[PDB]
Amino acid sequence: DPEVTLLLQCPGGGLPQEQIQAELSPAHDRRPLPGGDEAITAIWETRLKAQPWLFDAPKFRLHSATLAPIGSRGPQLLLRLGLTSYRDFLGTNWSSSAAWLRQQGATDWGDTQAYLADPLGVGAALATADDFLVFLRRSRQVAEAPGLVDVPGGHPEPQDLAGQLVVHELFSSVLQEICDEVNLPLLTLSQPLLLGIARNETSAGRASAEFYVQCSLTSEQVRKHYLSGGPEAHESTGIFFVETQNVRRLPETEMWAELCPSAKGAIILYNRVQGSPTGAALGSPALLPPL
(Lines of atoms letter the chains of each structure in order from A and count residues from 1; the text may use other names and numbers.)
(Lines give C-alpha, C1' and ligand atoms only; values in the text may rest on other atoms or scores of the structure.)
Protein backbone atom coordinates (compact mmCIF):
# COMPACT_ATOMS: atom_id res chain seq x y z
CA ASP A 1 0.00 0.00 0.00
CA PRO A 2 2.18 2.82 -1.18
CA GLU A 3 -0.24 5.58 -0.23
CA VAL A 4 0.22 4.81 3.56
CA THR A 5 3.45 4.61 5.67
CA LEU A 6 3.62 3.79 9.44
CA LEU A 7 5.57 6.39 11.43
CA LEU A 8 4.85 4.88 14.90
CA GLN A 9 3.43 1.55 16.25
CA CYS A 10 2.65 1.82 19.99
CA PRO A 11 3.50 -0.89 22.56
CA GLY A 12 1.34 -2.53 25.16
CA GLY A 13 -1.78 -2.73 23.01
CA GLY A 14 -1.81 1.15 22.79
CA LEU A 15 -0.87 4.08 25.03
CA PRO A 16 -3.15 5.95 27.45
CA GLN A 17 -3.10 9.71 27.77
CA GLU A 18 -1.06 9.70 31.02
CA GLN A 19 1.93 8.01 29.27
CA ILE A 20 2.44 10.66 26.60
CA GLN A 21 4.45 13.92 26.67
CA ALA A 22 4.21 16.75 24.12
CA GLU A 23 6.85 19.44 23.30
CA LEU A 24 5.03 22.32 21.44
CA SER A 25 7.79 24.60 20.09
CA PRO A 26 8.31 27.04 17.18
CA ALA A 27 11.47 24.92 16.41
CA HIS A 28 8.90 22.29 15.15
CA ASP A 29 7.23 24.73 12.68
CA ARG A 30 7.39 24.59 8.87
CA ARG A 31 10.37 26.48 7.35
CA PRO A 32 9.61 29.58 5.21
CA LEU A 33 9.51 28.60 1.50
CA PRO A 34 12.69 29.28 -0.50
CA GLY A 35 11.20 32.04 -2.71
CA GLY A 36 9.08 33.27 0.21
CA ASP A 37 5.66 32.51 1.75
CA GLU A 38 4.08 34.93 -0.78
CA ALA A 39 3.30 31.83 -2.90
CA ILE A 40 0.96 30.58 -0.13
CA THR A 41 -0.73 33.97 0.14
CA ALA A 42 -1.34 34.02 -3.64
CA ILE A 43 -3.05 30.56 -3.62
CA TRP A 44 -5.21 31.67 -0.61
CA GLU A 45 -6.26 34.95 -2.30
CA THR A 46 -7.31 33.08 -5.41
CA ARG A 47 -9.37 30.65 -3.32
CA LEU A 48 -11.11 33.37 -1.23
CA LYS A 49 -11.96 35.35 -4.35
CA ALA A 50 -13.93 32.25 -5.58
CA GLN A 51 -15.31 31.08 -2.15
CA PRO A 52 -15.41 34.20 0.14
CA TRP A 53 -17.22 32.25 2.97
CA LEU A 54 -14.08 30.15 3.64
CA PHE A 55 -12.10 30.79 6.80
CA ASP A 56 -8.57 29.90 8.03
CA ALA A 57 -8.04 27.91 11.26
CA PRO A 58 -4.90 26.98 13.27
CA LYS A 59 -3.72 23.37 13.36
CA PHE A 60 -1.06 21.32 15.17
CA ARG A 61 1.95 20.38 13.01
CA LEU A 62 3.69 16.97 13.49
CA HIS A 63 7.48 17.23 13.49
CA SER A 64 8.37 13.74 14.94
CA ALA A 65 7.46 11.20 17.62
CA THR A 66 10.08 9.27 19.71
CA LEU A 67 9.14 6.10 21.66
CA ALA A 68 10.89 5.22 24.92
CA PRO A 69 12.89 1.92 25.14
CA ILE A 70 10.19 -0.86 25.39
CA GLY A 71 9.33 -2.11 28.86
CA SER A 72 10.59 1.04 30.64
CA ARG A 73 8.87 2.91 33.46
CA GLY A 74 7.85 6.50 33.17
CA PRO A 75 6.59 8.39 30.06
CA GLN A 76 6.55 6.24 26.93
CA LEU A 77 6.24 8.72 24.04
CA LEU A 78 7.45 12.22 23.24
CA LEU A 79 5.40 14.05 20.47
CA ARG A 80 7.25 17.01 18.95
CA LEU A 81 4.63 19.48 17.65
CA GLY A 82 4.60 22.91 15.98
CA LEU A 83 1.76 25.12 14.73
CA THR A 84 0.40 25.43 11.19
CA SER A 85 -2.97 26.38 9.50
CA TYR A 86 -5.53 25.35 6.95
CA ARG A 87 -4.18 28.18 4.62
CA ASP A 88 -0.65 26.82 4.84
CA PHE A 89 -1.91 23.24 4.11
CA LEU A 90 -3.69 24.50 0.92
CA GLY A 91 -0.49 26.22 -0.21
CA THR A 92 1.92 23.29 0.43
CA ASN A 93 0.59 19.72 0.88
CA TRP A 94 -2.44 20.34 -1.43
CA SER A 95 -0.41 22.31 -4.06
CA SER A 96 0.29 20.87 -7.47
CA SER A 97 3.96 21.54 -6.62
CA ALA A 98 4.04 19.56 -3.34
CA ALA A 99 6.56 16.97 -4.74
CA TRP A 100 8.94 19.84 -5.76
CA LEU A 101 8.71 21.19 -2.16
CA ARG A 102 9.58 17.69 -0.78
CA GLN A 103 12.73 17.52 -3.08
CA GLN A 104 13.74 21.10 -2.06
CA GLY A 105 13.39 20.18 1.64
CA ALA A 106 15.66 17.10 1.16
CA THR A 107 18.26 19.39 -0.56
CA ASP A 108 18.18 22.33 1.83
CA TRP A 109 17.36 20.74 5.26
CA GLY A 110 17.82 16.94 4.82
CA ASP A 111 14.07 16.76 5.60
CA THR A 112 11.46 15.98 2.91
CA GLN A 113 8.80 17.62 5.13
CA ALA A 114 10.65 20.87 6.00
CA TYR A 115 8.57 23.04 3.58
CA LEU A 116 5.21 21.27 4.25
CA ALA A 117 2.43 22.35 6.63
CA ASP A 118 1.84 18.73 7.74
CA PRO A 119 -1.28 19.34 9.99
CA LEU A 120 -1.90 16.50 12.46
CA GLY A 121 -5.10 14.52 11.98
CA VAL A 122 -6.91 12.16 14.39
CA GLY A 123 -8.83 8.97 13.54
CA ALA A 124 -10.47 6.14 15.45
CA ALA A 125 -10.93 2.40 15.21
CA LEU A 126 -14.29 2.57 17.02
CA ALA A 127 -15.56 -0.82 18.32
CA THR A 128 -19.17 -1.67 19.29
CA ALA A 129 -20.27 -3.85 22.24
CA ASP A 130 -21.19 -6.70 19.73
CA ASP A 131 -17.63 -6.61 18.22
CA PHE A 132 -17.84 -4.59 14.96
CA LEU A 133 -15.79 -1.59 13.76
CA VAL A 134 -17.62 1.55 12.52
CA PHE A 135 -17.16 2.90 8.89
CA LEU A 136 -18.53 6.12 7.20
CA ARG A 137 -19.11 6.87 3.50
CA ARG A 138 -17.79 10.21 2.26
CA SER A 139 -19.90 12.41 -0.04
CA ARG A 140 -18.99 12.22 -3.77
CA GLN A 141 -19.12 16.09 -3.88
CA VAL A 142 -16.27 17.00 -1.44
CA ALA A 143 -12.67 17.88 -2.49
CA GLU A 144 -10.66 15.30 -0.53
CA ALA A 145 -11.17 11.58 -1.10
CA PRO A 146 -14.68 11.93 -2.64
CA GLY A 147 -16.91 8.88 -2.43
CA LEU A 148 -14.41 6.89 -0.37
CA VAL A 149 -14.85 4.96 2.93
CA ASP A 150 -13.48 6.68 6.12
CA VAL A 151 -13.47 6.08 9.89
CA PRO A 152 -14.46 8.78 12.45
CA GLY A 153 -11.95 11.65 12.84
CA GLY A 154 -10.88 15.15 12.04
CA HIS A 155 -8.08 17.75 12.27
CA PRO A 156 -8.00 19.35 15.77
CA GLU A 157 -7.70 23.14 16.25
CA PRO A 158 -5.32 24.46 19.10
CA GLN A 159 -7.26 26.00 22.18
CA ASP A 160 5.37 19.07 29.68
CA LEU A 161 3.88 22.28 31.20
CA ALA A 162 1.81 23.45 28.22
CA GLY A 163 2.61 19.79 26.91
CA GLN A 164 -0.03 18.05 29.07
CA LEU A 165 -2.83 20.35 27.97
CA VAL A 166 -1.90 19.67 24.35
CA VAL A 167 -2.03 15.86 24.91
CA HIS A 168 -5.44 16.36 26.61
CA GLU A 169 -6.74 18.32 23.62
CA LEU A 170 -5.68 15.50 21.20
CA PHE A 171 -7.41 12.74 23.20
CA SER A 172 -10.51 14.99 23.73
CA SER A 173 -10.71 15.81 20.06
CA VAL A 174 -11.10 12.15 18.93
CA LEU A 175 -14.10 11.72 21.33
CA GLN A 176 -15.63 15.02 20.30
CA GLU A 177 -15.37 14.02 16.54
CA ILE A 178 -17.17 10.74 17.37
CA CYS A 179 -19.94 12.64 19.26
CA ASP A 180 -20.32 15.27 16.45
CA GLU A 181 -20.40 12.88 13.43
CA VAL A 182 -21.77 9.65 14.82
CA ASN A 183 -24.19 11.35 17.31
CA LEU A 184 -23.20 9.06 20.20
CA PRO A 185 -23.51 10.09 23.84
CA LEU A 186 -20.06 10.88 25.37
CA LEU A 187 -20.77 8.54 28.29
CA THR A 188 -20.99 5.50 26.00
CA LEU A 189 -17.23 5.89 25.01
CA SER A 190 -14.06 4.58 26.69
CA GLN A 191 -10.99 6.72 27.19
CA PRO A 192 -8.98 6.44 23.86
CA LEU A 193 -5.73 4.45 23.50
CA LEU A 194 -3.16 5.74 20.96
CA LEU A 195 -2.35 2.86 18.50
CA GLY A 196 0.25 4.72 16.37
CA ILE A 197 0.76 7.37 13.67
CA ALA A 198 0.33 6.91 9.92
CA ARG A 199 1.24 9.11 6.93
CA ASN A 200 -0.83 9.79 3.72
CA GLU A 201 1.63 9.84 0.85
CA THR A 202 -1.14 11.00 -1.56
CA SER A 203 -1.24 14.20 0.52
CA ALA A 204 2.61 14.80 0.54
CA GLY A 205 3.12 12.90 3.77
CA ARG A 206 0.69 14.54 6.21
CA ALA A 207 0.25 12.42 9.31
CA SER A 208 -2.70 11.26 11.50
CA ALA A 209 -2.66 9.86 15.08
CA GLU A 210 -4.81 6.69 15.12
CA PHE A 211 -6.75 5.69 18.31
CA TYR A 212 -8.80 2.75 19.62
CA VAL A 213 -12.14 3.63 21.27
CA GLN A 214 -14.72 1.18 22.67
CA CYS A 215 -18.45 1.94 22.76
CA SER A 216 -20.96 0.33 25.20
CA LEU A 217 -23.71 0.36 22.47
CA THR A 218 -24.35 -2.37 19.92
CA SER A 219 -24.05 -1.87 16.14
CA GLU A 220 -27.88 -1.55 15.92
CA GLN A 221 -27.92 1.12 18.63
CA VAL A 222 -24.99 3.04 17.03
CA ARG A 223 -26.88 3.06 13.67
CA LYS A 224 -30.04 4.39 15.40
CA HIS A 225 -28.11 7.29 16.98
CA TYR A 226 -26.32 8.19 13.72
CA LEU A 227 -29.59 8.26 11.71
CA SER A 228 -31.66 10.11 14.33
CA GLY A 229 -29.80 13.37 13.71
CA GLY A 230 -31.08 13.53 10.11
CA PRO A 231 -29.03 14.28 6.99
CA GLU A 232 -27.79 17.68 8.41
CA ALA A 233 -26.33 16.14 11.57
CA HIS A 234 -23.46 14.43 9.69
CA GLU A 235 -20.96 15.24 6.87
CA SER A 236 -20.85 11.56 5.75
CA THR A 237 -23.66 10.02 3.63
CA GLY A 238 -23.99 6.64 5.38
CA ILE A 239 -22.72 4.35 8.21
CA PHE A 240 -21.86 0.64 8.16
CA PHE A 241 -20.18 -2.07 10.27
CA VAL A 242 -17.61 -4.89 9.77
CA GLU A 243 -17.09 -7.69 12.35
CA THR A 244 -13.68 -7.48 14.05
CA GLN A 245 -13.27 -11.07 12.92
CA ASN A 246 -13.35 -9.89 9.30
CA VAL A 247 -11.19 -6.73 9.72
CA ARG A 248 -8.23 -9.07 10.05
CA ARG A 249 -8.34 -9.84 6.25
CA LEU A 250 -9.75 -6.46 5.11
CA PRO A 251 -6.67 -5.74 2.86
CA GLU A 252 -7.69 -8.80 0.77
CA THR A 253 -11.28 -7.57 0.17
CA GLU A 254 -12.74 -5.28 -2.53
CA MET A 255 -13.54 -2.76 0.27
CA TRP A 256 -9.74 -2.02 0.61
CA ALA A 257 -9.62 -0.13 -2.76
CA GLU A 258 -12.42 2.13 -1.53
CA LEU A 259 -10.77 3.13 1.79
CA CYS A 260 -9.12 6.56 2.04
CA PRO A 261 -5.41 6.46 3.08
CA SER A 262 -5.89 7.67 6.68
CA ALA A 263 -8.61 5.02 7.27
CA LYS A 264 -6.25 2.34 5.87
CA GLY A 265 -3.72 3.50 8.47
CA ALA A 266 -6.29 3.14 11.28
CA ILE A 267 -7.10 -0.46 10.21
CA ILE A 268 -3.45 -1.51 9.74
CA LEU A 269 -2.62 -0.19 13.23
CA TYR A 270 -5.76 -1.82 14.79
CA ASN A 271 -4.76 -5.18 13.26
CA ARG A 272 -1.08 -4.92 14.46
CA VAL A 273 -1.62 -3.41 17.94
CA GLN A 274 -5.07 -4.67 19.17
CA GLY A 275 -5.43 -7.77 16.94
CA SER A 276 -2.33 -9.90 16.53
CA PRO A 277 -2.29 -11.77 19.89
CA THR A 278 1.00 -12.62 21.64
CA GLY A 279 0.06 -15.25 24.31
CA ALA A 280 -0.73 -18.97 24.24
CA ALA A 281 -4.57 -18.86 24.68
CA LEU A 282 -5.43 -16.28 21.93
CA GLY A 283 -2.64 -17.61 19.73
CA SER A 284 -4.08 -21.15 19.75
CA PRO A 285 -5.30 -22.29 16.24
CA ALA A 286 -9.07 -22.41 17.02
CA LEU A 287 -8.93 -18.75 18.20
CA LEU A 288 -6.35 -17.54 15.60
CA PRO A 289 -7.25 -19.43 12.45
CA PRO A 290 -4.30 -20.10 10.10
CA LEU A 291 -4.15 -17.98 6.81
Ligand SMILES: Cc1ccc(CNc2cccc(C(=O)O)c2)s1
The other form holds:
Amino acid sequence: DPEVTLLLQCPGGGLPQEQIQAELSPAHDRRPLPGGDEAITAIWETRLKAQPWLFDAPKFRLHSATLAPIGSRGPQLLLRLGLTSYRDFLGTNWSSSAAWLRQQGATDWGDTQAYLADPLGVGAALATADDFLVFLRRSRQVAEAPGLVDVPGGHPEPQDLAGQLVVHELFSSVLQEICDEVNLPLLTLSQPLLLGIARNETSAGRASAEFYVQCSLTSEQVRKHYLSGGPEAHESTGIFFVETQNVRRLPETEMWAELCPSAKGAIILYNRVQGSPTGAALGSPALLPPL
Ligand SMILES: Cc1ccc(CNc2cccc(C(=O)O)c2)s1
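What's the form deposited with this ligand bound like, now that we've got the form deposited without this ligand?
Whole complex next, starting from this chain.
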Protein backbone atom coordinates (compact mmCIF):
# COMPACT_ATOMS: atom_id res chain seq x y z
CA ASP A 1 0.00 0.00 0.00
CA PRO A 2 2.05 3.02 -1.21
CA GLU A 3 -0.35 5.61 0.26
CA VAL A 4 0.32 4.72 3.93
CA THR A 5 3.62 3.92 5.83
CA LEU A 6 3.92 3.01 9.55
CA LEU A 7 6.13 5.45 11.49
CA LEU A 8 5.49 3.67 14.87
CA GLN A 9 3.83 0.40 16.13
CA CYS A 10 3.19 0.38 19.97
CA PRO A 11 4.02 -2.57 22.24
CA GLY A 12 1.89 -4.50 24.74
CA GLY A 13 -1.36 -4.16 22.73
CA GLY A 14 -1.11 -0.31 22.77
CA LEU A 15 -0.03 2.40 25.28
CA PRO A 16 -2.29 4.18 27.80
CA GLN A 17 -1.92 7.99 28.43
CA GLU A 18 0.23 7.34 31.60
CA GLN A 19 3.11 5.68 29.63
CA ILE A 20 3.56 8.60 27.13
CA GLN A 21 5.76 11.73 27.53
CA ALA A 22 5.49 14.81 25.21
CA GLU A 23 8.12 17.55 24.61
CA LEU A 24 6.37 20.67 23.14
CA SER A 25 9.18 22.97 21.77
CA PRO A 26 9.58 25.67 19.03
CA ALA A 27 12.60 23.50 17.97
CA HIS A 28 9.84 21.11 16.61
CA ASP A 29 8.17 23.83 14.38
CA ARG A 30 8.25 23.95 10.56
CA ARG A 31 11.32 25.81 9.18
CA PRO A 32 10.68 29.13 7.33
CA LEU A 33 10.37 28.53 3.50
CA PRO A 34 13.59 29.13 1.47
CA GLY A 35 12.02 32.22 -0.28
CA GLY A 36 10.16 33.44 2.89
CA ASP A 37 6.70 32.62 4.45
CA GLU A 38 5.18 35.27 2.00
CA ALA A 39 4.20 32.30 -0.33
CA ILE A 40 1.84 30.92 2.44
CA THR A 41 0.34 34.41 3.09
CA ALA A 42 -0.37 34.78 -0.74
CA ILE A 43 -2.23 31.37 -0.95
CA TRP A 44 -4.24 32.28 2.26
CA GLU A 45 -5.25 35.80 0.96
CA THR A 46 -6.36 34.31 -2.43
CA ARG A 47 -8.46 31.63 -0.61
CA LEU A 48 -10.19 34.24 1.70
CA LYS A 49 -11.06 36.41 -1.35
CA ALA A 50 -13.17 33.42 -2.68
CA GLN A 51 -14.32 32.04 0.78
CA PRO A 52 -14.26 35.01 3.22
CA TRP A 53 -16.01 32.86 5.97
CA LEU A 54 -12.86 30.62 6.38
CA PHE A 55 -10.91 30.98 9.67
CA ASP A 56 -7.44 29.80 10.75
CA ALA A 57 -6.93 27.49 13.80
CA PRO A 58 -3.81 26.22 15.62
CA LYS A 59 -2.79 22.52 15.26
CA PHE A 60 -0.12 20.20 16.81
CA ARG A 61 2.93 19.34 14.59
CA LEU A 62 4.63 15.87 14.96
CA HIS A 63 8.40 16.30 14.54
CA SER A 64 9.30 12.73 15.71
CA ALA A 65 8.58 9.94 18.22
CA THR A 66 11.06 7.62 20.08
CA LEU A 67 10.04 4.23 21.59
CA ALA A 68 11.88 2.93 24.72
CA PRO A 69 13.59 -0.55 24.70
CA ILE A 70 10.72 -3.14 24.75
CA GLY A 71 9.88 -4.75 28.13
CA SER A 72 11.30 -1.71 30.06
CA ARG A 73 9.67 0.05 33.06
CA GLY A 74 8.97 3.83 33.07
CA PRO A 75 7.60 5.89 30.16
CA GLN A 76 7.55 3.83 26.89
CA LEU A 77 7.17 6.69 24.27
CA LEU A 78 8.44 10.29 23.79
CA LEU A 79 6.47 12.53 21.28
CA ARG A 80 8.42 15.62 20.02
CA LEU A 81 5.69 18.20 19.09
CA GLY A 82 5.65 21.80 17.73
CA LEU A 83 2.76 24.11 16.70
CA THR A 84 1.37 24.74 13.17
CA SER A 85 -2.00 25.94 11.70
CA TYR A 86 -4.69 25.24 9.06
CA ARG A 87 -3.25 28.24 7.01
CA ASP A 88 0.33 26.76 7.04
CA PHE A 89 -1.15 23.35 5.99
CA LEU A 90 -2.97 24.91 2.97
CA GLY A 91 0.29 26.71 1.92
CA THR A 92 2.60 23.62 2.25
CA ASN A 93 1.23 19.99 2.42
CA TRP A 94 -1.88 20.91 0.32
CA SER A 95 0.22 23.11 -2.11
CA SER A 96 0.80 21.83 -5.71
CA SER A 97 4.60 22.33 -5.06
CA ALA A 98 4.49 20.07 -1.92
CA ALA A 99 6.88 17.53 -3.62
CA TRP A 100 9.38 20.38 -4.43
CA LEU A 101 9.33 21.45 -0.72
CA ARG A 102 10.03 17.79 0.30
CA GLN A 103 13.11 17.70 -2.11
CA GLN A 104 14.37 21.11 -0.72
CA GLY A 105 13.98 19.79 2.87
CA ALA A 106 16.12 16.67 2.07
CA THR A 107 18.82 19.00 0.54
CA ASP A 108 18.80 21.77 3.29
CA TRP A 109 17.94 19.89 6.59
CA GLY A 110 18.26 16.14 5.66
CA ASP A 111 14.47 16.01 6.45
CA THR A 112 11.70 15.65 3.73
CA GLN A 113 9.22 17.26 6.28
CA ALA A 114 11.34 20.34 7.39
CA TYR A 115 9.34 22.80 5.17
CA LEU A 116 5.85 21.15 5.75
CA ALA A 117 3.13 22.15 8.35
CA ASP A 118 2.53 18.37 9.01
CA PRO A 119 -0.51 18.88 11.36
CA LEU A 120 -1.09 15.83 13.67
CA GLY A 121 -4.37 13.88 12.95
CA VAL A 122 -6.12 11.40 15.37
CA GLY A 123 -8.21 8.34 14.32
CA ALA A 124 -9.94 5.46 16.15
CA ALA A 125 -10.54 1.75 15.66
CA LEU A 126 -13.88 1.92 17.61
CA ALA A 127 -15.16 -1.59 18.56
CA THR A 128 -18.80 -2.35 19.62
CA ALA A 129 -19.95 -4.64 22.53
CA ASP A 130 -20.88 -7.28 19.82
CA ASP A 131 -17.35 -7.19 18.15
CA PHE A 132 -17.72 -4.84 15.10
CA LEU A 133 -15.54 -1.84 14.02
CA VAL A 134 -17.39 1.44 13.12
CA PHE A 135 -16.98 3.09 9.64
CA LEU A 136 -18.32 6.45 8.23
CA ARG A 137 -19.02 7.48 4.57
CA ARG A 138 -17.50 10.93 3.71
CA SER A 139 -19.65 13.59 1.90
CA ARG A 140 -18.90 13.89 -1.93
CA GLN A 141 -18.69 17.76 -1.61
CA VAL A 142 -15.62 18.03 0.79
CA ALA A 143 -12.07 19.01 -0.36
CA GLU A 144 -10.11 15.89 0.81
CA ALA A 145 -10.98 12.24 -0.04
CA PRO A 146 -14.59 13.05 -1.13
CA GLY A 147 -16.96 10.04 -1.05
CA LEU A 148 -14.36 7.69 0.66
CA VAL A 149 -14.80 5.54 3.80
CA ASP A 150 -13.29 6.96 7.05
CA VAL A 151 -13.06 6.14 10.83
CA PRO A 152 -13.96 8.64 13.60
CA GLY A 153 -11.26 11.28 14.19
CA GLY A 154 -9.95 14.72 13.22
CA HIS A 155 -7.15 17.31 13.83
CA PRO A 156 -6.99 18.49 17.47
CA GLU A 157 -6.49 22.17 18.41
CA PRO A 158 -4.19 23.18 21.31
CA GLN A 159 -5.67 24.66 24.62
CA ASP A 160 6.75 16.67 30.59
CA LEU A 161 5.18 19.56 32.63
CA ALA A 162 3.35 21.20 29.66
CA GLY A 163 3.99 17.75 27.97
CA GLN A 164 1.58 15.78 30.24
CA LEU A 165 -1.21 18.32 29.47
CA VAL A 166 -0.53 17.90 25.69
CA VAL A 167 -0.77 14.04 26.01
CA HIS A 168 -4.10 14.48 27.94
CA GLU A 169 -5.60 16.80 25.23
CA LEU A 170 -4.63 14.25 22.48
CA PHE A 171 -6.45 11.31 24.30
CA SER A 172 -9.40 13.60 25.35
CA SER A 173 -9.74 14.85 21.69
CA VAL A 174 -10.24 11.27 20.16
CA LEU A 175 -13.21 10.73 22.67
CA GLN A 176 -14.65 14.20 21.94
CA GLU A 177 -14.46 13.46 18.09
CA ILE A 178 -16.33 10.12 18.64
CA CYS A 179 -19.04 11.90 20.79
CA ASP A 180 -19.43 14.82 18.24
CA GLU A 181 -19.55 12.65 15.03
CA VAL A 182 -21.08 9.25 16.21
CA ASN A 183 -23.38 10.94 18.79
CA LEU A 184 -22.34 8.44 21.59
CA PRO A 185 -22.46 9.30 25.35
CA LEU A 186 -18.90 9.83 26.73
CA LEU A 187 -19.70 7.27 29.50
CA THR A 188 -20.18 4.41 26.90
CA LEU A 189 -16.43 4.75 25.90
CA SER A 190 -13.19 3.17 27.35
CA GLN A 191 -9.98 5.24 27.93
CA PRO A 192 -8.17 5.06 24.52
CA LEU A 193 -4.95 3.09 23.86
CA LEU A 194 -2.37 4.44 21.32
CA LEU A 195 -1.74 1.68 18.63
CA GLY A 196 0.87 3.61 16.60
CA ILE A 197 1.43 6.46 14.10
CA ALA A 198 0.63 6.30 10.34
CA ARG A 199 1.84 8.67 7.53
CA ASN A 200 -0.48 9.66 4.56
CA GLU A 201 1.89 9.64 1.51
CA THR A 202 -0.98 11.26 -0.60
CA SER A 203 -0.91 14.39 1.67
CA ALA A 204 2.95 14.81 1.50
CA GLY A 205 3.68 12.58 4.51
CA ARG A 206 1.44 14.08 7.27
CA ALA A 207 0.92 11.74 10.25
CA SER A 208 -2.14 10.53 12.27
CA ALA A 209 -2.01 9.05 15.80
CA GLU A 210 -4.23 5.87 15.61
CA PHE A 211 -6.09 4.74 18.82
CA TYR A 212 -8.21 1.74 20.00
CA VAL A 213 -11.50 2.58 21.82
CA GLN A 214 -14.15 0.07 23.07
CA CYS A 215 -17.87 1.06 23.37
CA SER A 216 -20.35 -0.67 25.82
CA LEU A 217 -23.18 -0.36 23.16
CA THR A 218 -23.97 -3.00 20.44
CA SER A 219 -23.68 -2.04 16.70
CA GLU A 220 -27.52 -1.67 16.52
CA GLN A 221 -27.61 0.76 19.53
CA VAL A 222 -24.57 2.69 17.97
CA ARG A 223 -26.57 3.02 14.65
CA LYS A 224 -29.65 4.32 16.59
CA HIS A 225 -27.57 7.03 18.40
CA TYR A 226 -25.86 8.11 15.07
CA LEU A 227 -29.18 8.41 13.09
CA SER A 228 -31.17 10.01 16.01
CA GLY A 229 -28.98 13.15 15.58
CA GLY A 230 -30.41 13.63 12.03
CA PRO A 231 -28.56 15.08 8.96
CA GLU A 232 -27.19 18.22 10.82
CA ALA A 233 -25.71 16.21 13.76
CA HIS A 234 -22.84 14.80 11.56
CA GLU A 235 -20.51 15.66 8.58
CA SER A 236 -20.60 12.02 7.31
CA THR A 237 -23.56 10.73 5.19
CA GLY A 238 -23.74 7.13 6.62
CA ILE A 239 -22.44 4.61 9.25
CA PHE A 240 -21.75 0.87 8.79
CA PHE A 241 -20.03 -1.96 10.75
CA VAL A 242 -17.59 -4.83 9.92
CA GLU A 243 -17.11 -7.83 12.25
CA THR A 244 -13.59 -7.87 13.82
CA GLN A 245 -13.33 -11.40 12.32
CA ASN A 246 -13.53 -9.93 8.77
CA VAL A 247 -11.21 -6.85 9.50
CA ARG A 248 -8.21 -9.31 9.44
CA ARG A 249 -8.53 -9.66 5.59
CA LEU A 250 -9.99 -6.16 4.76
CA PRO A 251 -6.92 -5.27 2.54
CA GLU A 252 -7.99 -8.17 0.20
CA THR A 253 -11.62 -6.80 -0.29
CA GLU A 254 -13.17 -4.16 -2.67
CA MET A 255 -13.73 -1.90 0.44
CA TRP A 256 -9.91 -1.33 0.64
CA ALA A 257 -9.97 0.81 -2.61
CA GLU A 258 -12.64 3.11 -0.97
CA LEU A 259 -10.80 3.69 2.43
CA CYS A 260 -8.98 7.05 2.88
CA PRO A 261 -5.29 6.61 3.89
CA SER A 262 -5.73 7.60 7.58
CA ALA A 263 -8.51 4.95 7.97
CA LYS A 264 -6.13 2.42 6.24
CA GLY A 265 -3.52 3.23 8.95
CA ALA A 266 -6.07 2.64 11.75
CA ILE A 267 -7.08 -0.79 10.34
CA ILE A 268 -3.43 -1.93 9.60
CA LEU A 269 -2.39 -0.96 13.21
CA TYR A 270 -5.56 -2.61 14.74
CA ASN A 271 -4.62 -5.90 12.86
CA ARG A 272 -0.91 -5.78 14.07
CA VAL A 273 -1.37 -4.47 17.69
CA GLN A 274 -4.85 -5.72 18.88
CA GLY A 275 -5.17 -8.81 16.59
CA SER A 276 -2.15 -11.14 15.75
CA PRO A 277 -2.29 -13.45 18.84
CA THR A 278 1.21 -14.33 20.25
CA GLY A 279 0.05 -17.09 22.73
CA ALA A 280 -0.73 -20.86 22.44
CA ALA A 281 -4.54 -20.46 23.18
CA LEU A 282 -5.49 -17.50 20.78
CA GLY A 283 -2.81 -18.95 18.37
CA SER A 284 -4.48 -22.46 17.96
CA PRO A 285 -5.62 -23.20 14.30
CA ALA A 286 -9.47 -23.34 15.03
CA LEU A 287 -9.33 -19.77 16.63
CA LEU A 288 -6.61 -18.46 14.17
CA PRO A 289 -7.46 -19.96 10.70
CA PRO A 290 -4.49 -20.34 8.20
CA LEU A 291 -4.26 -18.39 4.83
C1 LIG B 1 -5.25 20.80 9.15
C2 LIG B 1 -5.96 19.76 8.35
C3 LIG B 1 -5.47 18.67 7.71
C4 LIG B 1 -6.43 18.00 6.90
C5 LIG B 1 -7.68 18.53 7.01
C6 LIG B 1 -8.95 18.08 6.32
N7 LIG B 1 -9.59 19.15 5.58
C8 LIG B 1 -9.08 19.75 4.42
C9 LIG B 1 -8.12 19.09 3.67
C10 LIG B 1 -7.61 19.67 2.52
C11 LIG B 1 -8.05 20.92 2.12
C12 LIG B 1 -9.02 21.59 2.86
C13 LIG B 1 -9.49 22.95 2.43
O14 LIG B 1 -10.18 23.62 3.24
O15 LIG B 1 -9.12 23.36 1.30
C16 LIG B 1 -9.52 21.00 4.02
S17 LIG B 1 -7.67 19.86 8.10
